[PDB]
Amino acid sequence: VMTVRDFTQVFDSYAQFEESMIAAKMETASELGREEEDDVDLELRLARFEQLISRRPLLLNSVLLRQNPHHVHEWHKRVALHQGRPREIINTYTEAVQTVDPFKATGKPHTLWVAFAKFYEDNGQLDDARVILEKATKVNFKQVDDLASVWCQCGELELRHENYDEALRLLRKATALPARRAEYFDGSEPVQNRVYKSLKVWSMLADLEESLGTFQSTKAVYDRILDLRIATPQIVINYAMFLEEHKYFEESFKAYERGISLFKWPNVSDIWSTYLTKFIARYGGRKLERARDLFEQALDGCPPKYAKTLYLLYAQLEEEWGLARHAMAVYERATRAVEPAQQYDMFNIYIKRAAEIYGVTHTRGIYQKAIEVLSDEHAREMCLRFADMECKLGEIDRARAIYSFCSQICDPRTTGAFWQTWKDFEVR
Amino acid sequence: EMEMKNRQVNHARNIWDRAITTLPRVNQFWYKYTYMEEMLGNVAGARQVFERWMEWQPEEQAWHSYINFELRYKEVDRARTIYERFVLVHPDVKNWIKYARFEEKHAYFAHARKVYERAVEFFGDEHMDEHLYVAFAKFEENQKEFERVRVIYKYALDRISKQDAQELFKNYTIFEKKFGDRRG
Amino acid sequence: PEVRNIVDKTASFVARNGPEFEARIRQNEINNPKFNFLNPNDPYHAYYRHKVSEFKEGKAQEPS
Numbered sequence: 286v287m288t289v290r291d292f293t294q295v296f297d298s299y300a301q302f303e304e305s306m307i308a309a310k311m312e313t314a315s316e317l318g319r320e321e322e323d324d325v326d327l328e329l330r331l332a333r334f335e336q337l338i339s340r341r342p343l344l345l346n347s348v349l350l351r352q353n354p355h356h357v358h359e360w361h362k363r364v365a366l367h368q369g370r371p372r373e374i375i376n377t378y379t380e381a382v383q384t385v386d387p388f389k390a391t392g393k394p395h396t397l398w399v400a401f402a403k404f405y406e407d408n409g410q411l412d413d414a415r416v417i418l419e420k421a422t423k424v425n426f427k428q429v430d431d432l433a434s435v436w437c438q439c440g441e442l443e444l445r446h447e448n449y450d451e452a453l454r455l456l457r458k459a460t461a462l463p464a465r466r467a468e469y470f471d472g473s474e475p476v477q478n479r480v481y482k483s484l485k486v487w488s489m490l491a492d493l494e495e496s497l498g499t500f501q502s503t504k505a506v507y508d509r510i511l512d513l514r515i516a517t518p519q520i521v522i523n524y525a526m527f528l529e530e531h532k533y534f535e536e537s538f539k540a541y542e543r544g545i546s547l548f549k550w551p552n553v554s555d556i557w558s559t560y561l562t563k564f565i566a567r568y569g570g571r572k573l574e575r576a577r578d579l580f581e582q583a584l585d586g587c588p589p590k591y592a593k594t595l596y597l598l599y600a601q602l603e604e605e606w607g608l609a610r611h612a613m614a615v616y617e618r619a620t621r622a623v624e625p626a627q628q629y630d631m632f633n634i635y636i637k638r639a640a641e642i643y644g645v646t647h648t649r650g651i652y653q654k655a656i657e658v659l660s661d662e663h664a665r666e667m668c669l670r671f672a673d674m675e676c677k678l679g680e681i682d683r684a685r686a687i688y689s690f691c692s693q694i695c696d697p698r699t700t701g702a703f704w705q706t707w708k709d710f711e712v713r
Numbered sequence: 284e285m286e287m288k289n290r291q292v293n294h295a296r297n298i299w300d301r302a303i304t305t306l307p308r309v310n311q312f313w314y315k316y317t318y319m320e321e322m323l324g325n326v327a328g329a330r331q332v333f334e335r336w337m338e339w340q341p342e343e344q345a346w347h348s349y350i351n352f353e354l355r356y357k358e359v360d361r362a363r364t365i366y367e368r369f370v371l372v373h374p375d376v377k378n379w380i381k382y383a384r385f386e387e388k389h390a391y392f393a394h395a396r397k398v399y400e401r402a403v404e405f406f407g408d409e410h411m412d413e414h415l416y417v418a419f420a421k422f423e424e425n426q427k428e429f430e431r432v433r434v435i436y437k438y439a440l441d442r443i444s445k446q447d448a449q450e451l452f453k454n455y456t457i458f459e460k461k462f463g464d465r466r467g
Numbered sequence: 047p048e049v050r051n052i053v054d055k056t057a058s059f060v061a062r063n064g065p066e067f068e069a070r071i072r073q074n075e076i077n078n079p080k081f082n083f084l085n086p087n088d089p090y091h092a093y094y095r096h097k098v099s100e101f102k103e104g105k106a107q108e109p110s
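Chains as they are written, first to last, in the entry's author numbering: chain M, 286 to 713; chain O, 284 to 467; chain p, 47 to 110.
Simulated from the structure, these hints should not be mistaken for lab results. Ideal Cβ placement from N, Cα and C applies to all residues, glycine included. Check each hint, because a few of them may be wrong.
As the list claims (entries may be wrong) - The following label-pair restraints were derived from C-beta to C-beta distances: (1) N77/p with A640/M: 45 to 51 Å; (2) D386/M with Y391/O: 22 to 28 Å; (3) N552/M with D360/O: 44 to 50 Å; (4) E66/p with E657/M: 19 to 25 Å; (5) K427/O with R372/M: 30 to 36 Å; (6) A614/M with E66/p: 20 to 26 Å.
Said to hold, decoys possible - Which chain p residues stay away from chain O? Per the calculated CB distances, all over 10 Å, these: (7) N51; (8) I52; (9) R62; (10) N63; (11) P65; (12) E66; (13) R70; (14) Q73; (15) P79; (16) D88; (17) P89; (18) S99; (19) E100; (20) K102; (21) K105.
For reference, chain M alone in the conformation it holds in the complex:
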């Protein structure tokens, strides 16, 4: 034969041959279904064997799914694994685990090897499973994320194993193996990146923060050492586990350092600020000077958080600490950083903070400060509200001068109400 469609002619020749013997019963249908390798036809011989008239081939599932599923390694192995998947002869499952065709692949032989380990779990469980885990455990030297993912998958199958004695021993040794060597040998990965996989194996071994126990007091430091530099997918759950095992200020400071070095800007540092306030209240003591010193020290310059918070945590915490002096200082220093986006929220929070404390003169200083900072409508609305509030209380000099200030600002647009209201207020 030269090329494809010859095994299709022999295929249909076996379709008219549908019973060619009294023994194998037209084995040339499956033999034709095994023709070539992949990516040619592969549907002609199986489609003919099932196309005789109709009954069911029961062969064509493993025969069509037995020819190179997953170029090289790929999802095509599931196609060859689909025919008689739970049981056929209790044989072709090995062909489902049979892939070979060595080539460049990442994660496919490991995931298909874990699925083959599940087929080994239906094969009698521990029989042949440990040999598959040990054979697939070593591929080159590290430098792959599929290795620790397959070992962690074996750890999940060990979680399906009920009692955690042997699962904790094998998961303890297999989880302790990456501790010596992790990744970054050769490949396209510039760094090792052992935080994800290594922290996943260490988390599956101990300190799951959900159900499984047997987490030593040093297991949290074993996870933080498993990341070995910084990791913060779990920083909230990791700090929560360290708080569950300890609940002291050392875990709070270690969570603040791990959150600061974790990722720049308030990404994990915002969670370090929430855990810094909650840990400041529940550990460092209520109304503590060191809590405000550290909270104001870490968040000092800052970018504008999510939207912005430079104040309410430290400003409200300082106002509720029992000191009416430093509350005003934190109100002015918080007023400088109040609204980097020029939002009226922080403006009304500063004007309200000056309204509930001090008195008139503070509202006048907040009126001049609110009129100093201007974006578009900020100085007009603030100067108008403080102008009416000052005219309803003080003399009419601040109303006339506030009107002259309202002439230089508040571009005309439509308006017209402020001029008539100011004229009526001057008439009154």
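Once you have looked at the hints, place chains O and p on chain M.
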């Protein structure tokens, strides 16, 4: 250059060697003869010419040119061999930071610790020369958290009246902050 | 943090009285490491630069 322009190489070497042994202190004769040997092969007689060129004690411009010559043919052992006599002549900080170059070439781990011992015991005993520990902490930040806390803040006995100028102290602080394990 | 507090506070005074004070304070404590931050030789020098402008704009958060 006239005898080099022609195809006669034997009389060329016979005039080049007496030229360079007559006038050792000039650089251009040795430079153009070694460049003619760049046009020629890489035989060990070139290395004999280069070790004679090391023997007359020239400036930095010759010596780091010869180590670039050793780099452009991928020599690991011999370039390490010729570089031990380099530091004992010129104690320049530009050469103190570049004696620690096998770190950025081979990563040299245990002998990198030995080279960093050599960087910490020599001159700059109480004043640090304000530049060596910058590159030391730079490579140690390129490495893990082995001994990076000690050198910048805890080995502060060798300060120069403020331990640093204003231009780099907060840079030291943010150099320590966001490149660690980042614990809570 | 002391460094950020002295930076923030010094920046505030220099923000109100003008940069003429930055020079005074810098030359008045040039040998004193408590003010080393005012020179470009310190790591937080860049942080302070922002604080001055910020206090002038009247938007920053005063200390506590």
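**Request:** Sort out which numbered hints this structure fails and list those numbers smallest first.
**Result:** Violated: hints 2, 5, 15, 16, 17.
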